[PDB]
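Engineer: The primary structure of each chain is shown beneath.
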Amino acid sequence: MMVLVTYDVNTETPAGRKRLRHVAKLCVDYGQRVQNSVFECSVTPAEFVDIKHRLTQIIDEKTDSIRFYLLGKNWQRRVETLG
Amino acid sequence: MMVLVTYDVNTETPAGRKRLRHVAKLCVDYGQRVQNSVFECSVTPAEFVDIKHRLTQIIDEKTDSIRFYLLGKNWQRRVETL
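Residue numbers (this note's numbering), protein chains in the order written: chain A, 1 to 83; chain B, 84 to 165.
Some hints here could point you the wrong way.
To be verified - Calculated Cβ distances over 10 Å to all of chain A for the following chain B residues:
hint, residue
1, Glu-95
2, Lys-108
3, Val-117
4, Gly-155
Unchecked claim - Calculated pairs, DSS-like style, for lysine-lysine (alpha carbon to alpha carbon, straight line, at most 30 Å):
hint, chain 1, residue 1, chain 2, residue 2
5, A, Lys-52, B, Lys-156
6, B, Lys-108, B, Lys-135
7, B, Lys-108, A, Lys-62
8, B, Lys-101, B, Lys-145
9, B, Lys-135, A, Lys-73
10, B, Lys-145, A, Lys-25
11, B, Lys-145, A, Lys-18
12, A, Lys-52, A, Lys-73
13, B, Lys-101, A, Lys-62
These aren't lab readings, by the way, just hints derived from the structure by calculation.
Beta carbons are placed, not taken as given, at the ideal position from N, Cα and C, and that holds for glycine.
So here's chain A without its partners, still in its complex pose:
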């Protein structure tokens, strides 16, 4: 299934920026980093449970948040850009 991962972390600190690097390291195994903290990923349901599980341990859950959008097929024909 396609999954868009949007990670909200405060990059004004070294530790923030380091968690971003880890989250990115993890998500790019499963697809592509299209902005600094946005990822277009391709995962089986087992992989998705595994990813959730590892993301939990990387992120600071009190300050950070991750959202997952499950778009269908023809999701590429449904993205537009600027910049």
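Chain B: place on chain A using the hints.
Structural biologist: Chain B in isolation, oriented as in the chain A frame:
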């Protein structure tokens, strides 16, 4: 129609934080700031065109980017959080 807007800007400088707030002020007219630089928007075709126009002026096109994902209806049945 529902559109997800994701804005990539560097917020370690005042100039980036300004641009983000300005994008925020615009996008919040049409939906919600679900995370610091992500906005879930509800828009007519005409609203979508005018917004795209103004975002274009606001952002630094060389160092920033905006992605608009058109969410299908019942897109809410397909969002999860950790």
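Engineer: Hint by hint, say whether it matches the structure.
Structural biologist: So, going through the hints one by one against the coordinates:
1. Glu-95: 5 Å, violated
2. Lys-108: 17 Å, holds
3. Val-117: 7 Å, violated
4. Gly-155: 6 Å, violated
5. A:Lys-52 - B:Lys-156: Satisfied, since the Cα-Cα distance of roughly 25 Å is no more than 30 Å.
6. B:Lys-108 - B:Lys-135: Satisfied, since the Cα-Cα distance of roughly 14 Å is no more than 30 Å.
7. B:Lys-108 - A:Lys-62: 25 Å, holds
8. B:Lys-101 - B:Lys-145: 16 Å, holds
9. B:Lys-135 - A:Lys-73: 24 Å, holds
10. B:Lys-145 - A:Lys-25: With Cα atoms ~25 Å apart, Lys-145 (chain B) and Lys-25 (chain A) stay inside 30 Å; holds.
11. B:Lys-145 - A:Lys-18: 25 Å, holds
12. A:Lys-52 - A:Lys-73: With a Cα-Cα distance of about 22 Å, the restraint between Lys-52 (chain A) and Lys-73 (chain A) holds, given a limit of 30 Å.
13. B:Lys-101 - A:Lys-62: 25 Å, holds
In this structure, the earlier hints numbered 1, 3, 4 are contradicted, and the remaining ones agree with it.
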